[PDB]
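Build the full structure now, drawing on both the sequences and the hints.
Residues per chain, in single letters:
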Amino acid sequence: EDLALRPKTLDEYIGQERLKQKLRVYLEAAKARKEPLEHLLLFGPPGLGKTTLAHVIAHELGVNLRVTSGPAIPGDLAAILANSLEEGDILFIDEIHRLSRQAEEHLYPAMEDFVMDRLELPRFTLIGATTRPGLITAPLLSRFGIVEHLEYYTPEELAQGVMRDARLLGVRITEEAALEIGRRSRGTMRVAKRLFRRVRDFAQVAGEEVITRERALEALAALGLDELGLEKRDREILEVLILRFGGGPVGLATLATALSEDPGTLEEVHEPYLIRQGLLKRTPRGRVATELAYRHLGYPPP
Amino acid sequence: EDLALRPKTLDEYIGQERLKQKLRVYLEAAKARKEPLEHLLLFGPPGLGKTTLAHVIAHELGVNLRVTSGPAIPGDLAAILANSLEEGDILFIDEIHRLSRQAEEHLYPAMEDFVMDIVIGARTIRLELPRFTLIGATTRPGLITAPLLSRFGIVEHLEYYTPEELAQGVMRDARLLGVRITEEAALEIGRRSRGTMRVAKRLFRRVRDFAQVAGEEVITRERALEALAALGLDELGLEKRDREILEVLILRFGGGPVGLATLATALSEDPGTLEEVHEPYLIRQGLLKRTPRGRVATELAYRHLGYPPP
Amino acid sequence: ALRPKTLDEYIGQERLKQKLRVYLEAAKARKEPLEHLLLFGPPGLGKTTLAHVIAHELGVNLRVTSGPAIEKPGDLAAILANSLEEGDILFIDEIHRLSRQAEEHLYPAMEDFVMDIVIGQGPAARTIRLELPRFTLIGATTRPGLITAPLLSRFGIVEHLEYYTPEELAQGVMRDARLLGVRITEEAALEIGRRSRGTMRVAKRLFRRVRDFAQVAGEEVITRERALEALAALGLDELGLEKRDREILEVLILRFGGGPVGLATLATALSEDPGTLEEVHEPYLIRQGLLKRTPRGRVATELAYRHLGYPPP
Amino acid sequence: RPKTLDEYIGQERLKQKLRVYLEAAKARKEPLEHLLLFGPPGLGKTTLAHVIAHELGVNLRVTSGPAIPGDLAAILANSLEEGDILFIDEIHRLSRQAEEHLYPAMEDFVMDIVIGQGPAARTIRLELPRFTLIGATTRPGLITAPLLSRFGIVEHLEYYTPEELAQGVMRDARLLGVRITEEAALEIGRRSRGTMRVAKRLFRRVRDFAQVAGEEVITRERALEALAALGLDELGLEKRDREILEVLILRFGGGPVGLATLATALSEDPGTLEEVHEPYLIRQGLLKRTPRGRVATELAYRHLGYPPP
Amino acid sequence: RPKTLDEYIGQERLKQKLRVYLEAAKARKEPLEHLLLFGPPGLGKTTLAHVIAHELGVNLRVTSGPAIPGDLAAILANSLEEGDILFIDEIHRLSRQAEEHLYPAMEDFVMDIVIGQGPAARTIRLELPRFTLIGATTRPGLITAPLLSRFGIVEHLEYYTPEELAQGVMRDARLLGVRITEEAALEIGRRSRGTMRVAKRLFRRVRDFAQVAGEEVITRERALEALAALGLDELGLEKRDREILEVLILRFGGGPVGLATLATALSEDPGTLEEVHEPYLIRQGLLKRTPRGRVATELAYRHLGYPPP
DNA sequence: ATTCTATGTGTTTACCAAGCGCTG
DNA sequence: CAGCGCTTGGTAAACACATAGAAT
DNA sequence: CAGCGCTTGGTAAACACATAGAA
Ligand SMILES: Nc1ncnc2c1ncn2[C@@H]1O[C@H](COP(=O)(O)OP(=O)(O)OP(O)(O)=S)[C@@H](O)[C@H]1O
Ligand SMILES: Nc1ncnc2c1ncn2[C@@H]1O[C@H](COP(=O)(O)OP(=O)(O)OP(O)(O)=S)[C@@H](O)[C@H]1O
Ligand SMILES: Nc1ncnc2c1ncn2[C@@H]1O[C@H](COP(=O)(O)OP(=O)(O)OP(O)(O)=S)[C@@H](O)[C@H]1O
Ligand SMILES: Nc1ncnc2c1ncn2[C@@H]1O[C@H](COP(=O)(O)OP(=O)(O)OP(O)(O)=S)[C@@H](O)[C@H]1O
Ligand SMILES: Nc1ncnc2c1ncn2[C@@H]1O[C@H](COP(=O)(O)OP(=O)(O)O)[C@@H](O)[C@H]1O
Ligand SMILES: [Mg+2]
Ligand SMILES: [Mg+2]
Ligand SMILES: [Mg+2]
Ligand SMILES: [Mg+2]
Ligand SMILES: [Mg+2]
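As given, the protein sequences belong to chains H, U, B, X and V, one line each in that order.
In terms of the UniProt record's numbering, the first sequence is residues 2 to 74, 77 to 120, 133 to 317.
In terms of the UniProt record's numbering, the second sequence is residues 2 to 74, 77 to 124, 129 to 317.
In terms of the UniProt record's numbering, the third sequence is residues 5 to 317.
In terms of the UniProt record's numbering, the fourth sequence is residues 7 to 74, 77 to 317.
In terms of the UniProt record's numbering, the fifth sequence is residues 7 to 74, 77 to 317.
The set of hints was computed from the structure by calculation and includes no laboratory data.
You may find that some hints are simply not true.
Calculated cross-link-like contacts (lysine-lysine; reagent style DSS-like; alpha-carbon spacing at most 30 Å) [what the hints assert, rightly or not]:
#	chain 1	residue 1	chain 2	residue 2
1	H	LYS32	V	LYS208
2	H	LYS23	V	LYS208
3	V	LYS208	H	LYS21
4	H	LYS9	V	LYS247
5	H	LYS247	U	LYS247
In structure tokens form, the structure reads like this:
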């Protein structure tokens, strides 16, 4: 029924250790003096645990959470702040970058002092989660007390997440299988959950009841994933670059035409992970395959 | 009658073996747990069977399917999601990339958790949607935002077809239309296609027109070859313009690096037309190379044109 | 000006006419609408007249529309759902000018003959699939590279218009004179066609100017000499070159010896932006064989030497 | 909420023909013709619409006149199946723009929809399923001739009787769990103005009096003292209407008076006197509207126990 | 909430002349010429406006650019007194309609008022008292030449030194009742970016860390440990800016990169990188913006402990 | 209901630089 | 071996198109 | 004394002017 298995306690939250230290310090300090938290902002690549952390913060402060969104919302944002906002409650605006300039101009004046345009608003904390903080206007971006950045997870944390999701769903999986699924993940929790669900479907169709390590490996091979998590399309991109063009500078148009691919999807979907993993370089004369790409595909380095 | 005859079941779908070997597993697993399929994205070059596969998936699941177009639809998408969604029904959007960047933000909270953020009036309220499936087919996945592209549970790529699969498609279309055709004629039409099902159907229709005008009743191999030669297609599907491009490259410029503007002006052709209409298939077949110093004709071009290698 | 009404009156595109005749006959025999057609080529070759001729041959109606005319998808929906009957032909000139949002509304309209529209304007908005009659779309464009690949793959028949031989331009000029009441001879028409650049509209323009010159000269029949004098007055060589192209060739032959000159050096010598010399003057010179592009520079061919009355190398 | 036509209280004359029309429509497997229901306010035309829809076995689309021009297309194209029923309460309040968009959809079942929106864009004609439309207006005058011309069946809602009002009071008492005798409900219905809302309100007030009195059953007499304490006659006039008649008869001799002088005498707003109290003084034969003023009829003299003029 | 010019923290260069202008205007019993305050955002121009108003002894009317065209007329008519100060924060956001209504009120103290609400109607010229208008903006570019020409005094706000930021931190600590030493406040001010809000926020974070540690006094070592736990460098660069510099220098060799490639390498939004992290990397000499991409200067190499190019 | 203004986004265009061959 | 010429590729800066929020 | 002529007075029904509202 539910596949987005969100943890509810900060102890169930897994991977953001250096963020968790500061968050625990701030939350203990705010609870010690019976004072509401400062305004908080979360940003990072998609799928890393912004909304989950907002809900966990709401639970840990022990108050209610009022969830809204930027696309959902100028004259509207002045209503939720007073109509259904209690003292100490948290207002969570997910995807806050989409919020209008006029709507933003009616939000930060109510952030420094809890009054609008007098009407006394109760003590409240604003939590904003977005992928593009650069779209938030400087006046609104300057009244955020805490600004935090979400980092990529290590394979062990991804394995822990896979095991927890398996236990909640009711699937018997081994430590090594979860480690393999986490290793093949792209440092992202959502990718790990998706890969685990695909392996679960493969095992269920095959009739297996326990996902042993070899069963996980064969399921991932059927999915078409390397030891680095590369799909078939990424491997084909690297192979075309190495063979058809000698691995030297190519360019976006030439490489896209050779691969029967759109240049935009080659540049904004497939390339970033190869660049992160060190299998590709964006030389000013074009794209270049690194020695790691040569050795990963079983080719003699130049 | 109809010219876009689509298969209805996964058995009639012809040549996506690698994709089907996993799609069958996913559908069987979804049916076993009595749960709808996780969200799906189909992408690839035009003419390979994305919309047909979406309809086939809808038929296989047994649930209804609602068709939407990406260019058709920011706040509207909330209305379409809320008004006309039933538990298990598949929602299908073609050209999902054409959705504005503001209109996918509304799809963000309704794909991982099935609850929407809407404002009434009062204040903000949360509308809980039924457990549905969204299928999106697009040729440019790089125009879909990263969060939405991450919300998709299953992402698949449509690859090209072998000549035998194109021949099977031609035979199926012929038996559906009411035209008799030989195995070898269908194989020739498939070989002259550019690995695309739409191209194969179009070539078959042109050959049928030629044979019907000529008065022939059964399209044999010889009649098919005559019709294809009348169209002006080689054994690799090259037209006359492609042969002209290769001949001018080999003869006038010596086959070496030339460039785009020079080669286009030597042809009295627009360079954009040359690079976007004729060049990609020549590159795919191996008859042309985009070297850093210009366009170069490969040895395959020399052998195909019947010219001595340099 | 004057439009032919049948495929026999259409002057001089033989391979296209041979390909098109069988398609038209087959469509007529099967009592079915014709496949979608795309006509592309350089301007002035007769795309719109071919569309009208095809519409007359099929015996159906023709609705003419322009690419920039359709600003919004609502206009396209109104045209497709109301103005068109079963088997009618809708002609869009300069398809590549269509906006991509409106260009992508045509994929279902041409493949499935259904159109997806959102109506309701608020919380009551919902999607409808307007059914469409089995119409036919003919599209004319000069820049096929600006048409999206899914759209270009949906055209059943795609054809290219070629330049006219001087004899065909002479036949067109003679037809225009006969339909206009003039008494031009064959040699004058052939000369007017030769000075043309393989285009019909320029041939008609030149014939009309020669007619004006001859009429004010008092002659009742346009002889070859009168046509030559009128064309020289208009400023055209025996190959149709203007004065600017002629002086470009003169400068290249003299100031640089006719050898590899390069684009920048020649442009500076001629005091021209090398974005006008390359795309307005060079293409026709290369077409006529008067100029050659070399990895070292621009080379004037021997035919340019002979045409300009200069000694051979 | 009644469901079948036999559960409806007291529209016997209308129900007799409604049964025939509905049976004939069902036998042909064809949607019923468009229906218009006239009647004074307070008689329950929406309940009759619901009963008709249930009898036909078809869903509803309820909408009032002043609801939102273009929303008519939305409501017609969103949730209308084959033979669906659309009920437009207060159909004389529709705007002229919204009125000149419905009769195409009544005579031909085709609606023109604005598709481009925004600036002056084009429209498309769209086909709708065959449907029946029920209209309910209390002011037939504001219904234009073209709008009235497209309605196949036109019927009138008449005032109830003391017995049907008594049945309604019994139904309400049974729903609320209050014990009431037949004659008490008959008295309550008699003192109502042939309207269901008035009968229910009177029953609730009598219930309050009886409950305060600590009585477990409401009999005839207890209803009588409750209605006497409410200040009501055997005809339904309050103390204010009796005061109006007595002022008209005694102070002015019953002759023509005029709105301003009578209102000044009664210390009441002239509009309040004209639009709240007078309409039931008329319709009972107790008052007249002469061009020279307001006159009291002989029925007013008889009712108040005064000697005739 | 500072009140007088002596209580203001650190605009020594501006205060030295502002005191003279205020004294000269006060001695003449005449309001001072309209003043325009330039400066980067976050430096506190509204506090200086309040201080100026208090020193002149007149009332202040706070207004912003997008306040509501006719609201300017109201604020100029009703709430202006002889010598009153009208402060318009964010004055380059003022609409052109309100733009071509304020310059007659600055050069002649007369304004036209629309009297016929509704249709076009007519206007009447009205006389205003002699007042001073104080404008504040961060972007001088959007100030048109006619608007800039009518300001008698134009002055610039500049970034504070670490010592002035330390004084502000001490004032905030005293207001909040937290004991902090001289050197700790100096370190907090040094690790800020010449802005008061940054210093206050850093002080609050150090306060949270010290309170969790259960320390009654924030000394120097506690401040240094807290600011190290925040990933702050001696220049105030966070971990993300140092990572940007490291990626630019190591992965790309420091040469031109471009926004898209660098953002892809950092897994960041290009607009986020350009508008939130780059501006302080510049202005410190650690980054350059070439037409061929972004380049790391020698200061970046020296700062990160890397060998020079 | 139309007009106008803004902002955010998709698409195109104009430098600028680097590299390979010829050169004389 | 030191200009001259052509050819590719990427980076930033313009356009042009929409929506939405505005007043009239 | 029984029409004819005038003079007053009140009652209801029209106008005409505003606002507000809505797209
Ligand atoms: N520490 C964690 N433990 C368990 N699950 C986690 C954790 N962090 C993230 N997730 C999972 O990450 C998934 C998606 O991330 P969310 O927390 O829902 O929001 P988000 O990741 O910010 O969204 P996007 O699409 O990446 S912008 C959820 O299904 C969570 O279960
Ligand atoms: N596997 C298949 N079996 C049978 N017919 C097929 C198959 N794949 C494609 N076709 C036919 O090919 C034609 C075009 O295929 P589509 O799926 O409509 O195009 P597409 O894949 O959606 O690409 P576009 O233009 O980007 S939407 C239709 O007539 C289909 O019936
Ligand atoms: N004949 C009836 N039988 C049963 N319940 C009725 C009847 N008439 C009205 N009601 C009740 O009246 C309520 C609905 O209001 P109605 O009085 O039906 O509206 P209406 O008849 O249109 O009155 P007006 O004049 O239009 S406000 C419901 O509780 C019905 O049960
Ligand atoms: N120099 C200063 N001396 C004392 N308090 C100051 C000073 N600068 C700012 N403040 C405090 O800052 C608060 C007012 O906000 P400011 O920071 O002054 O707004 P601002 O000066 O306009 O900065 P920005 O860039 O416009 S957001 C009050 O609490 C003031 O006490
Ligand atoms: N084959 C032909 N026979 C006769 N006239 C022609 C022929 N081709 C072109 N023309 C004439 O030349 C002109 C070309 O313009 P038109 O065909 O309208 O647009 P385009 O510039 O796209 O060709 C027309 O006026 C037409 O009369
Ligand atoms: Mg986002
Ligand atoms: Mg598509
Ligand atoms: Mg054209
Ligand atoms: Mg009513
Ligand atoms: Mg500001």
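Broken hints, by number:
5
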